[PDB]
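This document starts with one chain, in the form deposited in one PDB entry, laid out as structure tokens.
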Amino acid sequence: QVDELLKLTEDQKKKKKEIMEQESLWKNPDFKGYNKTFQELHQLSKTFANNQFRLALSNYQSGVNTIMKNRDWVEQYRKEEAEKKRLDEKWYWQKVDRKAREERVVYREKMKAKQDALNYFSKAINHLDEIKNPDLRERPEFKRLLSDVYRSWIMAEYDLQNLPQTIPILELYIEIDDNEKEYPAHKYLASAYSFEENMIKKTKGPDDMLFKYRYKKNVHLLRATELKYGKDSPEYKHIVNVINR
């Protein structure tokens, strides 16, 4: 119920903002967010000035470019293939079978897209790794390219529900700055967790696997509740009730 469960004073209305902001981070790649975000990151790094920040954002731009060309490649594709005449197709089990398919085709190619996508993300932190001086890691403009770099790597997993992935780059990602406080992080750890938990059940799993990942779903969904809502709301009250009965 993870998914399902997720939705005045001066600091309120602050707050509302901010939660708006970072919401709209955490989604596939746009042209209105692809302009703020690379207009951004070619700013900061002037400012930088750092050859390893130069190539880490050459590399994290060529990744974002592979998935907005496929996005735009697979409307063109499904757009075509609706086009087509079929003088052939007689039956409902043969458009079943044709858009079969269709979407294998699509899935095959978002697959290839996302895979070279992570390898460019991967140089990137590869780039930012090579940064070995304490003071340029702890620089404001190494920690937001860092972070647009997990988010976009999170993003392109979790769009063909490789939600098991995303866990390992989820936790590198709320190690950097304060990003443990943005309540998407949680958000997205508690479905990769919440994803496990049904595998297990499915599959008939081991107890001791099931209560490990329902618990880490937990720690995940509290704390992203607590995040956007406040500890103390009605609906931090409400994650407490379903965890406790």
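Numbering follows the first chain given and starts at 1. Here, rigid core means the biggest group of C-alpha atoms that superpose within 1.5 Å across both forms. First, how it differs from the form deposited in another entry.
- Fitting the two forms on the rigid core leaves the C-alpha of residue 203 displaced by at least 2 angstroms between these two forms.
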Given for the second form:
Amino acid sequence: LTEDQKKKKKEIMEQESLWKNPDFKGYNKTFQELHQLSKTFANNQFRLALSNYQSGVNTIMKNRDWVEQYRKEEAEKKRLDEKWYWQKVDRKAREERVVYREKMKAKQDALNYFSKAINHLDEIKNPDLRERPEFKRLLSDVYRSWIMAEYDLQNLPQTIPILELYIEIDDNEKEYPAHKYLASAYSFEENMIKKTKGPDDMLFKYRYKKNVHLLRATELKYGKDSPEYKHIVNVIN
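Please move on to the form deposited in another entry, as the form deposited in one PDB entry is already shown.
A lone chain is what you will see next.
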């Protein structure tokens, strides 16, 4: 239990908290912090980027309520034409499709707002302003919400370019969850190549990039030359 290992355990928990599924307490904390950063930044394009990012998260939060209400309404129905096991299976499959289609619509609306937030941050041309902690914090939040919205619906290939942009920001590369999700997203791509009998150069590329992020995630949370890091190094070597 070194000063650095205690700092590690606390930091991994703080990083896991950062990547937590959105809820009310987290929404309130995020937007209270972002609105103060907007006041300190006093930049019109940042204000417009924040407004779009907030609308995008609001789309997600509204959809979370829609799904609970829809499931409640479906549970409260009497099913007179459900004598057979296959009928109840079919009905649950139709309900799951309605939920999936509404979540896809909410994700599309949310990504349109995130894309607009990015368009406003692209308008901040001054390199000194782009290096500001306020700028990097909002950019990280937009990308993280974007990655999570795609990941939730199993759009793992779509998360890869966003996660790669995210890890380039400040010290985001030291984030164990960013590496864990990147590793899984590359794994999905490797598996898609193996399943579709795709080209070997792509298989090896995806396998390599999965291993890079799997090794980095292990190193970050367990440390270099620990039983977890040494083990992953041995299988790859």
